[PDB]
Amino acid sequence: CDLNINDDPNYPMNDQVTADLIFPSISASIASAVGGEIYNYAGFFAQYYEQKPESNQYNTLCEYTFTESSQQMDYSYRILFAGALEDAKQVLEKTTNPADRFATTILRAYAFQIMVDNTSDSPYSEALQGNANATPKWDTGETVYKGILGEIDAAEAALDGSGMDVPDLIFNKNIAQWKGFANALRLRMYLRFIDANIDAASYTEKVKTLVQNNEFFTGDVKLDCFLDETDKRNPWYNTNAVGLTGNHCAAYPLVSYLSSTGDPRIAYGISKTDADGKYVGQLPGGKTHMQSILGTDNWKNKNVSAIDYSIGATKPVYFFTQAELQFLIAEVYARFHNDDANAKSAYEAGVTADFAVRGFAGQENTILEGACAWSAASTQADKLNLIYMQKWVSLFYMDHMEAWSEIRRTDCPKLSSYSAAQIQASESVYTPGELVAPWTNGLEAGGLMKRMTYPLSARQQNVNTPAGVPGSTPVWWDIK
Amino acid sequence: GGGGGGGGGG
Amino acid sequence: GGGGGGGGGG
Amino acid sequence: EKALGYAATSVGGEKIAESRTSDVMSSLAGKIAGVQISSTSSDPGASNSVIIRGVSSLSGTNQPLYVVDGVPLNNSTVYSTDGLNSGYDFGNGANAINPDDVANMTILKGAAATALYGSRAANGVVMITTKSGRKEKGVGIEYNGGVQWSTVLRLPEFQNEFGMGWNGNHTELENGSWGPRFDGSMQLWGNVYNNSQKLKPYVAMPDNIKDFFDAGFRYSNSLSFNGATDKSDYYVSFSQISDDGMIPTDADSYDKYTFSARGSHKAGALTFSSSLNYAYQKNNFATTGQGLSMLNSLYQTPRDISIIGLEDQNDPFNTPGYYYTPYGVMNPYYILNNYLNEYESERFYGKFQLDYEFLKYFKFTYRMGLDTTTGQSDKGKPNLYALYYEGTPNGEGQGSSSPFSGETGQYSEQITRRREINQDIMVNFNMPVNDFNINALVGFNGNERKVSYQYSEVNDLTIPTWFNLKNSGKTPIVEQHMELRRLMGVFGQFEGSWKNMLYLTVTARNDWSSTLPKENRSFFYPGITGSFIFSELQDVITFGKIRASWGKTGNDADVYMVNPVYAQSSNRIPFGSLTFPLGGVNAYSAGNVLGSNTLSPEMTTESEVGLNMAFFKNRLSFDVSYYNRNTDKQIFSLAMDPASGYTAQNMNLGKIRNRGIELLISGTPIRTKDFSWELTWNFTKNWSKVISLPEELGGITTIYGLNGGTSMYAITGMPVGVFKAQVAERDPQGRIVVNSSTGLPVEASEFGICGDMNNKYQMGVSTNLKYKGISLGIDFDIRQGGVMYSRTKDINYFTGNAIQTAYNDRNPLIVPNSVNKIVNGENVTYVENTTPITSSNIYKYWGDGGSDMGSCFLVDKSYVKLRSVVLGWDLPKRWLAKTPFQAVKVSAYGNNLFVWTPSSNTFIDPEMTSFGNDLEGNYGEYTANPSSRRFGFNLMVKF
Amino acid sequence: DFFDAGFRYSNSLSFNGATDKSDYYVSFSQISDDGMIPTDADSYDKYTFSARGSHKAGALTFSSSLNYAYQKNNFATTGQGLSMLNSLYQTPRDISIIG
Ligand SMILES: [Mg+2]
Ligand code: NA
Ligand code: NA
Ligand code: NA
Ligand code: NA
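If you read the protein sequences in the order shown, they are chains A, P, I, B and D. Using the authors' numbering, the first residue of the first sequence is number 1, and each one after it goes up by one. Using the authors' numbering, the first residue of the second sequence is number 1, and each one after it goes up by one. Using the authors' numbering, the first residue of the third sequence is number 1, and each one after it goes up by one. Positions 37 to 572, 578 to 984 (the authors' numbering) are the ones given, in order, by the fourth sequence. Using the authors' numbering, the first residue of the fifth sequence is number 247, and each one after it goes up by one.
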């Protein structure tokens, strides 16, 4: 009996597992989350879709009646930290390639950026230590945004012009795209300090000198990578069109705004009603109410436009859409350069880029000349609204976790003065495009979901996790 | 992780 | 229905 | 041989097999003190759970060491690793031993003197001893051939007041009973086919589920051939069992065949014997789970709908695209007839043993044993999408929410291979001196255990019905695995004796295990055992013995828990995965379970004391033991903050403690020549307590549970198996808090603890009648205390079929203590509640739990049960004579006959699970198929 | 010179006895071979274990043979590809193969 037989023979020898074998997991594990269960709950919070009348699942998300114990993001927390970030920690000790380290640090920084937008605080300076610190302090969202933005700067400064040896499913070793992602990650983070009112002088000049150089990314920043076969599908489709049955249907604010702007993009992702062939939306939280007001035979799935998953299967996960990059450029010109000419440029290039992705190319005229035309933008605040709305639609079925972050920062769409029940009563009073406080609302404080709860897995294991706070407690960068 | 249930239909 | 050999180098 | 200084219980083969169970352990169910025995379900061929003196191994190895002759027997279990969606249990490793070959069972319960059997014994040992030679009568032929039926035991208690609907209103297609009260009027129902619809009187069908089940049938044939001489013996045996349980169809099948040859021979000085056995089995399971399974589909039936009227597939309205309800559920007959879930298992085991006595006072024994198995699972499910999605209501007409998307079909097949080699090499010394007696034993142990499988799965089937790895246009999936551990130990057992009055024992063993870090393989665990028969005029005190023991029982770790690993990348997401390769790139990730090379061996310490006495020539007998078990430094993948890089770290835990009392009392009030009456009463009470899990990782770790839902933990201060669940919010005064607008309770800020898994005490009461050749034995099993999850209650609640949900005659109600939280800026104010749960939302109040919310579905673990009844007629020899027969015993029996359960429990025989015959099974029951009543006959014929 | 000498060790054991009404044979064979091709690539291990016994009471006789057989092989594959022999013959007459 030879006893030296305790090396697990179902996994390679650690010696042999090199940095280019690990790095492709960071990109995917992140996308497992940001494009999977996170993208899901952001979708409700940003009021794109709603719970189908004839099913239950996301009830507690649409009625805001979930608690910290509902673990509504415990899964994605495990992926982001024990999946991506560790492998990112390994890559950075297994390869000295400054081009590879650079793209790892961007994927590293993109994870943290998402964590922070979800629970404001996040482990950071003590994370990713082993037994050496099982209970890492949850640094503050402002400290994290700072630290990682410094990690990108230090890492960009280490590039020596050599290229990547690592398998890149995102930009295929095209560094000058990875630098682009970086600047775009900086543009997005910089705008948050400003509107959160922290060091807003510097960050207003740092955004100016960013947008001036136009050293951004082309196309979208995504994982085009999935297949219509088990364990290989787009994470949001696999979970909801395969693992579960159809649960989503289109929300009152999204169906209205698209339908009032004449937007032909109302057909990319939203099916007409299986009953009367029109686009119908459901008021947030209102599944159980709408069925109580109308018949029971009168608010079934046929009465509301279901979300289409047809396009889901192979659909990539996006980290930074182009259309949104422009809408952030058009916001910067508009309100920090007084450059209404170059804002209209980026604003339309936003609208045009998104009309491309959805397959309605050459149709921006539909809104770029009617309604959402930049001419009718009267006030230089009626314009930000025009930019901020089109960004909202730009992100439908694309990057929900941001569309909920950009809805929090620029608190546009406006929250509607009227309650859900009042809008159901006399629809007349509803401004198309405005969020609606969920009809049922577990939030003792009212108003809209401003954050996700702390992971239960971190509540039970980390004595240092922040104490639980209700959904209405904003994040460190939403101050209104 | 922790296994997920599923609500039904009505 | 049969089977292929290959020649070698030289 | 009552030198033993720790509790132990012997049973006689006749008692074992008289209950005619297809299994060796399920018969002694409620009969031995401190041997907790529960089968997983009433599905044929399933596993049984045998835990002795508490759960000690926090995950998840608590079965005791079954030892046959006396070679350790493989006790591997084969149940699903996803009980929520595909539930099944295919067997316990010991289920293969043929009860009619048992001559004597002896359960050693004490963790203190275990060096003979090693580290596994800290869970107790089940020493079996197989029947052997003759001479007798007689050619040497026994034959028991039995025939039993089975009937459904407990179905959940239904409401017969409201039929098909939702919100309280009438619906044609619902899967539950939230409909108007029963008119007797005629309403439509079911889908529409060819411009026609069924149309039936709206009346309750109170027996519609009870009628669904048939009567399970099982025949069993056994046979033995026996003989002996002054220098040899030889036993050959065969056994066949063929079960078809009470679910309709061959879907619930169990076939068991065994074979065994066991011979010894003496020629010397030298003795050599050999036991060899083959054991077959073929199970088919009626899968459980939350999906499109047979039970979850059955319970979701309105009270007015006729189940048995759905079987006939020639009735278009019962075919899948027109089934009466589309809501995530399918005709239960179609499920049992077109889904596949098979298992087949061939196994070979046995021993060789070479005794050799020498120099008057010494003996040598070598004993090798081998227990190799090959088992083949095959599951597959149709491509319902291709068969039925287009053009049917259920259907293209159901968009994404159709039960058929995306069921594009699946087939899979796994072949498992197991193999254990155990080797003993001993020498024994037995010399009396004056009145003393010295028995020593020194030996060497060798154990090698290996398991491996090859799994291959194939999705989206091209020919929608055919199940075959070549039937699919998409990439296949492939998994492969193997573990191999080895162990060597040296041991020694000293046995002292003084005029058959004092019996002192001292054991010592030292193991080197392969599963522990290299610089720390060796562990050492001694023990000491005292027996005093303070019974040395009367004639009134037959036997009196007092017992004590202080011992240790080291243990290693599971395999491959030291070194870090890089698994191939894959990401668990809710209800799916994203698994590399993609696309054309393969990848590895850093493994999520942090290794550790500072592990030290596990060490269980036990103290025990006992007392045994008899009176009146063994007409009154009792036995008592007090025990204090501590399982320290257990090697566990303990939960950890995912932010640290890992999700758990392997470290030595703290003490898991079981203190308790075990008591047996037995008496013969009447014993007259032709008539004896016997009483037996056994009582076990045990105190579980996790004493301390490593603090740096937090207090708690999960043992099992749902996500955002009722999970079951192991928490520092608390017993093994604490539940948490969502409980409703209470004002600082009473006082259910409810939503000001809908009326429904408001979930509190955390989950409240709601109870452990453990029984507070377990006991049973047994009695035996003998009048001439007539035997009558009755056994009652009583277990009180604890709690378990029951989706069986949950789904009948959600669905409006449980009787509980006819509370306010479904009239709108105000939760009877309700109150509203009134928050102004930051001031808490509670108002007497005024808002009613409307009629339309009565469903939601119950679906969520009522005023208990989620904790509602933790059910009282407690039941009294009529375990078994055995009427036995031993024909008198005078009736044979003119016949080849040498004895005949006609026997009529029944098992799991009746169960009585508190009052909170109208839902389940608490003896259920969907998570296997060990710790994780105590979590609950995720729509386990109904448990079942059993009763039959049995014909013994000696030759 | 490329080839070594294969080695093989064998071990056999039997236990045997009888009476006027019964007999018993129990046996175990063991082989381990490492052929003349170099390395362990040419391996054969054989193990057997057999127990056979009879018993007459009667009239009636009943006997039973039960046997278990293990083997682990390793074959130095042949073929026209990168196999070991076809790679060996294709060697110039002046080249040293043991180098
Ligand atoms: Mg990992
Ligand atoms: Na799979
Ligand atoms: Na059946
Ligand atoms: Na009533
Ligand atoms: Na060789």
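Any given hint could be a false lead.
To be verified - Below, simulated BS3-like cross-link-like pairs (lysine-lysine); rule was C-alpha separation at most 27 angstroms, straight line:
id: 1; chain 1: A; residue 1: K173; chain 2: A; residue 2: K137
id: 2; chain 1: A; residue 1: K480; chain 2: A; residue 2: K206
id: 3; chain 1: B; residue 1: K236; chain 2: A; residue 2: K300
id: 4; chain 1: A; residue 1: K450; chain 2: B; residue 2: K983
id: 5; chain 1: B; residue 1: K236; chain 2: A; residue 2: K315
id: 6; chain 1: D; residue 1: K267; chain 2: B; residue 2: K983
Claimed, not checked - These stretches of chain B come out as covered by chain A in the derived footprint (C-beta under 8 angstroms, 3 or more residues):
id: 7; segment: 524 to 535
id: 8; segment: 631 to 639
Claimed, not checked - Residues on chain B that point at chain A, a partial pick, calculated with CB under 8 angstroms:
id: 9; residue: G482
id: 10; residue: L520
id: 11; residue: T879
Since the hints were derived computationally from the structure, they do not count as laboratory data. Every residue, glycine too, gets a C-beta built ideally from N, C-alpha and C.
Inset, instruction - May I ask which of the numbered hints given earlier this structure violates, with the numbers listed in increasing order? - result: Of the numbered hints given earlier, those the structure breaks are 1, 4, 5, 7, listed in rising order.
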